[PDB]
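Participant: Each chain, written out:
4 protein chains.
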Amino acid sequence: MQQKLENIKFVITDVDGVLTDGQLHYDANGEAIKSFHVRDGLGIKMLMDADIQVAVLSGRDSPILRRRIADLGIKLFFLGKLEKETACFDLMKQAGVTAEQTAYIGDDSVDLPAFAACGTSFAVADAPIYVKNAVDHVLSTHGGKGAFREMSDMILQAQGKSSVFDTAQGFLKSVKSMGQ
Amino acid sequence: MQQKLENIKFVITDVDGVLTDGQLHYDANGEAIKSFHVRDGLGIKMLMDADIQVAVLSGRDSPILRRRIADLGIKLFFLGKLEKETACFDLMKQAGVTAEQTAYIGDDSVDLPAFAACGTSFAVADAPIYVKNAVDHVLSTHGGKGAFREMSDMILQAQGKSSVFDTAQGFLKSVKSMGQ
Amino acid sequence: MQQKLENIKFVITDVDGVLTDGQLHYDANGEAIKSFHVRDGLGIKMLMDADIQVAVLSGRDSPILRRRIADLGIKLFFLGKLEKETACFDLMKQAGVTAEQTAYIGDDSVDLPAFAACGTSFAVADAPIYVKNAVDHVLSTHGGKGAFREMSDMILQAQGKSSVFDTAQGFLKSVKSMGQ
Amino acid sequence: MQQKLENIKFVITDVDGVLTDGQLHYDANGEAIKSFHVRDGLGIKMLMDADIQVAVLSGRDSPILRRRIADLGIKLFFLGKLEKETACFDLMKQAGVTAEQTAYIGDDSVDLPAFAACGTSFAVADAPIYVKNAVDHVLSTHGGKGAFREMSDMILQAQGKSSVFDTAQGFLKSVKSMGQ
Numbered sequence: 001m002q003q004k005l006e007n008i009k010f011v012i013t014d015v016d017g018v019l020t021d022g023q024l025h026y027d028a029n030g031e032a033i034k035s036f037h038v039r040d041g042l043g044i045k046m047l048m049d050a051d052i053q054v055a056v057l058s059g060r061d062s063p064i065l066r067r068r069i070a071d072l073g074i075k076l077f078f079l080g081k082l083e084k085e086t087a088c089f090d091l092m093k094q095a096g097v098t099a100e101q102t103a104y105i106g107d108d109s110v111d112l113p114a115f116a117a118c119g120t121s122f123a124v125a126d127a128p129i130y131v132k133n134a135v136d137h138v139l140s141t142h143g144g145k146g147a148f149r150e151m152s153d154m155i156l157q158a159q160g161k162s163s164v165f166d167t168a169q170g171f172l173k174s175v176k177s178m179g180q
Numbered sequence: 001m002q003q004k005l006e007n008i009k010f011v012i013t014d015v016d017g018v019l020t021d022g023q024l025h026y027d028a029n030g031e032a033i034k035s036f037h038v039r040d041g042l043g044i045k046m047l048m049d050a051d052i053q054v055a056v057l058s059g060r061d062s063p064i065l066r067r068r069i070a071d072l073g074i075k076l077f078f079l080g081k082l083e084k085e086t087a088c089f090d091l092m093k094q095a096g097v098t099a100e101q102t103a104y105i106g107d108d109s110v111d112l113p114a115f116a117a118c119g120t121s122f123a124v125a126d127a128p129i130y131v132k133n134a135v136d137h138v139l140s141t142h143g144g145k146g147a148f149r150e151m152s153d154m155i156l157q158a159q160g161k162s163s164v165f166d167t168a169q170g171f172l173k174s175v176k177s178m179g180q
Numbered sequence: 001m002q003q004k005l006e007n008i009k010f011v012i013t014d015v016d017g018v019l020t021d022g023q024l025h026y027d028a029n030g031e032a033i034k035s036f037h038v039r040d041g042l043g044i045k046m047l048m049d050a051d052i053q054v055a056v057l058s059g060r061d062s063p064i065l066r067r068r069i070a071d072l073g074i075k076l077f078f079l080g081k082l083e084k085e086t087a088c089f090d091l092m093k094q095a096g097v098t099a100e101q102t103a104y105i106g107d108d109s110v111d112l113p114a115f116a117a118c119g120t121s122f123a124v125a126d127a128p129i130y131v132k133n134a135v136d137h138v139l140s141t142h143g144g145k146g147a148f149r150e151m152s153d154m155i156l157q158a159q160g161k162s163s164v165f166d167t168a169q170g171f172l173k174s175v176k177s178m179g180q
Numbered sequence: 001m002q003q004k005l006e007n008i009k010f011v012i013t014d015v016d017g018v019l020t021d022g023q024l025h026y027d028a029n030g031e032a033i034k035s036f037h038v039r040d041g042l043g044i045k046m047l048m049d050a051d052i053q054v055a056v057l058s059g060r061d062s063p064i065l066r067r068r069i070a071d072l073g074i075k076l077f078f079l080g081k082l083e084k085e086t087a088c089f090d091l092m093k094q095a096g097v098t099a100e101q102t103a104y105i106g107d108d109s110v111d112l113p114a115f116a117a118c119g120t121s122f123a124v125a126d127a128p129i130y131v132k133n134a135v136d137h138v139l140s141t142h143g144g145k146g147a148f149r150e151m152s153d154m155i156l157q158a159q160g161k162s163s164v165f166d167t168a169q170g171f172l173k174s175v176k177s178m179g180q
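Top to bottom, those sequences are chains D, C, A and B. Going by the deposited numbering, the first residue of the first sequence is number 1, and it counts up by one from there. Going by the deposited numbering, the first residue of the second sequence is number 1, and it counts up by one from there. Going by the deposited numbering, the first residue of the third sequence is number 1, and it counts up by one from there. Going by the deposited numbering, the first residue of the fourth sequence is number 1, and it counts up by one from there.
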C-alpha cells in the first residue's frame, strides 16, 4: 500500500455508500436529503490542499450532490453514469494523471469496473464481500461515517503530509484551505 | 433451502423494518422522510433483470413510498395492509406464480401471516424473536441496512446469476437495468 | 415484575429518548423531524387493544409529536411540561387507575419524578445509570429502537396476552386495531 | 481530571462531531437538517444552571446551528471558524475566565488548537486516534450520542452538584432552567 499510496495524485470516490451511508432519503419528491460526513470533507480538502485532485464518480445525480461538490470545491466529476470504467480514464485524462496515479473508493458492484480501471482501490467497511475481494484495501470505517477520511488520512500519511491532520501546527498551516 | 431459493420467481418485501430500519420520520403532516438503501435498490433491479419479479407489501402507505416503488420500476404491491395473508395471495396471482415460487422478507408480527402464505420467508437481523422463529432464513443485515440486497444476493447466487453483482464484466452487461 | 406487570392497566411513556433515540432534528426553525419506530407503534396499539391504556408525557410539545400521538390514537397525554410528577398523577386519575396499575418508561433525569409517582417504571437501555438506578426494570433496547415494544411485549406476555404478537392468527384477530 | 473538573467555570464545545455524529444532512442548498441529542441539551442547561458558562466554537456556520444555540441560551460562540486557538482565547475573555477555568470538547483535527488553548480538553469516543492522543480525557459516548452530556455530568459531579441530574428533588429545584 505504502507503495501505491505515495504515488496517488488523483482520488475518485463514489458517493452513495461511500461519502454516504447509502441511505437515499426520500420525501414525496424523490431524493430530499443526502448525508455526508464532516470528517470526509476535511479530508477532501486536505488532499486537494496537498496537491491531490479529488473527483466523484456517481452512478446517480442530484442538485444535492452538486451542492456538496461545490461546497468542497471539487472540480472534476461525473454523475448519472452507471458505467465507471471509461468514466475513470475520462477523469484521469482530465486530471493529467495515469491509472497508477489515481485511487478509487467504492462500496458496491457498480464500482467493480472502477477498481479495475484505477489500479489503487478502496472499499468501505460495510461494502459486500465481492467488493472487498475486488479492491486493494478495505476501510475500517463504514461508508458515510468517515470512510473517505480514513483513506485520505492514510494517503496523506504515506506521502509524509500527515502533519496537516496530525497536529495543531500542521493544521493551522493549511488552515486557509480547510473550508467546506 | 438452495431448492427454495432456486424456485423463486417472485419476491414480496415489507417496507418499514426491512427496506428501512423501522424509523418513521414524522413532519407535523405524518411521514416526511423515508430512507431507502441504494444497495437494496440495486438488488431489486438485478432480481428484475434476472426474470425474478418484485413486489412491495407495506403495512403503511405514503406517497414517499409510492415514489420509491415507482423509481425502482416495481409494478406489483399493496400498501397500508396490516392483513398480509390475502395480500400475499393476490400478489402471487398477479405475478402468475405459486406460493412455492415466491419469497417474503419481513420484520414484525404484521409479517407473520405473510410468512405462512409465502413459500420461502426471510426476517431482517433486528426482527423480534417471534418473527425470527417463523421464517426460513434470518438475515444478518439489519432492516434498512441492505437486508434486501443480502437476500436478493442469495437468490441470484443460488440461480447461478451472481456475475451481475460478482464482477465488473457481469455488472456492465446488465448496466441497462441497474437503475433506481 | 410478573406481579407488577399483570396488574398494569396503564402505560405512560416519555418521548424524546424513549420513542426516539433522543435526537432532535433541527432545521433553521427548531424541530423539523421526529423519528418514531414502527414496532413501537404496533406495541402501543397492541397494548391499547389489550385494555391497557397508553399515555405520553413529554417536556417538549410540537405539532410533530401531536401528529404521531394522533396516528397512534393515544388519548391521554401531557406535553410541554418538564415537571412530570403531578402530570403522572393527573394522567392516572384520568385513566382511572391507581399508581400500582401504571407503568412509566423513561430515559433521563427529567423522568426521575415520574418513576417515583408510578408503580412500575422502565428505563431504556441507553439511559444514564442514575436513571437505571431509579427504575424497576431497565430494558435492553435503545431509546427509539423499540424499547417501548420490548416493554409492551413484556406486559402483554405477563398478562397472558402475548398471542396478538407471537402468532399469525393471534395477530390476525386483533388486526382491525393495529393501525398507526 | 478531578482537580481540573472542580475549576471549570466555562465549557466550549465544537458542534459537528461533538453535538452531532458528524453527518452533514444536505439539501440542494446545503445543510438541511442538524440532529442534536436531547440529553446533551439538558447537560448544557445543567451546566449553565450551576454557574458554568457554555460556548460553541464550530467550523461551519448555519442557521440551523444558530437556532439550537439560541434554544439552549448560549451567548458566546464563534461559527465558521476553522482557526480555533484564538477563538478559544477570545471566548475565555468573554466569559471572564482563564484557560484553567475552561474546558473544550472536540472530535477532529480542526480542534487540535482548541485543545491546546483550553485548560481541560475532551474528545468524543469516535474521534480519530490523533485527536484522542491530544486530549485530557476521552469520553465513551460517540459524538451526537450524548458525549457532551457525559462530560457535563462529570464536571457537575466533580463539583458536588450532581443533585440536579442525580435526584428527583435536585432536578425539580432547577427544573425552571432545564428547557432547551
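Please note: incorrect hints may appear among the correct ones.
You can't tell identical chains apart in this list, so a pair holds if it fits in one copy or across any two.
[Said to hold, decoys possible] Simulated crosslink set (EDC-like; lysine to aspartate or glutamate; CA at most 16 Å straight-line):
1. 45 with 136
2. 173 with 51
3. 161 with 136
4. 173 with 90
5. 176 with 31
6. 45 with 83
7. 75 with 85
8. 93 with 49
9. 176 with 100
10. 9 with 100
11. 75 with 136
12. 45 with 85
13. 176 with 83
These are calculated hints, taken from the structure and not from any lab test.
Participant: Determine for every hint whether it applies to the structure shown.
Facilitator: Tested hints:
In this assembly of identical chains, residue 45 and residue 136 lie within 16 Å of each other by CA distance neither inside one copy nor across copies; the values are 23 Å within and 28 Å between. When the C-alpha separation of residue 173 and residue 51 is checked against a cutoff of 16 Å, the pair qualifies only within one copy, where the shortest distance is 15 Å, while the shortest distance between copies is 36 Å. Taking identical chains as interchangeable, the C-alpha atoms of residue 161 and residue 136 are never at most 16 Å apart, the minima being 22 Å within one chain and 25 Å between chains. Proximity of residue 173 and residue 90 under a CA criterion of 16 Å is satisfied in neither setting, with 33 Å inside one chain copy and 20 Å between copies.
Taking identical chains as interchangeable, the C-alpha atoms of residue 176 and residue 31 are never at most 16 Å apart, the minima being 32 Å within one chain and 21 Å between chains. Only between protomers do residue 45 and residue 83 lie at most 16 Å apart by alpha-carbon distance; the minimum there is 15 Å, versus 27 Å within a single protomer. For a Cα distance limit of 16 Å, the shortest separation of residue 75 from residue 85 qualifies neither inside one copy, at 19 Å, nor across copies, at 31 Å. In this homomeric assembly, residue 93 and residue 49 never come within 16 Å of each other (Cα to Cα): the closest approach is 20 Å inside a single copy and 33 Å across copies.
Proximity of residue 176 to residue 100 under the C-alpha cut-off of 16 Å is found in neither arrangement, the shortest distances being 30 Å within a copy and 29 Å between copies. Within a single copy, residue 9 and residue 100 get their C-alpha atoms as close as 9 Å, which meets the 16 Å cut-off; across copies the closest is 44 Å, which misses it. Taking the closest pair of Cα atoms, residue 75 and residue 136 never come within 16 Å of each other, the shortest separation being 26 Å inside a single copy and 39 Å across copies. Within a single copy, residue 45 and residue 85 get their C-alpha atoms no closer than 25 Å, and across copies no closer than 20 Å, so neither meets the 16 Å cut-off.
In the homo-oligomer, the alpha carbons of residue 176 and residue 83 lie at most 16 Å apart only across protomers (9 Å), although the nearest pairing inside one protomer, at 36 Å, exceeds that limit.
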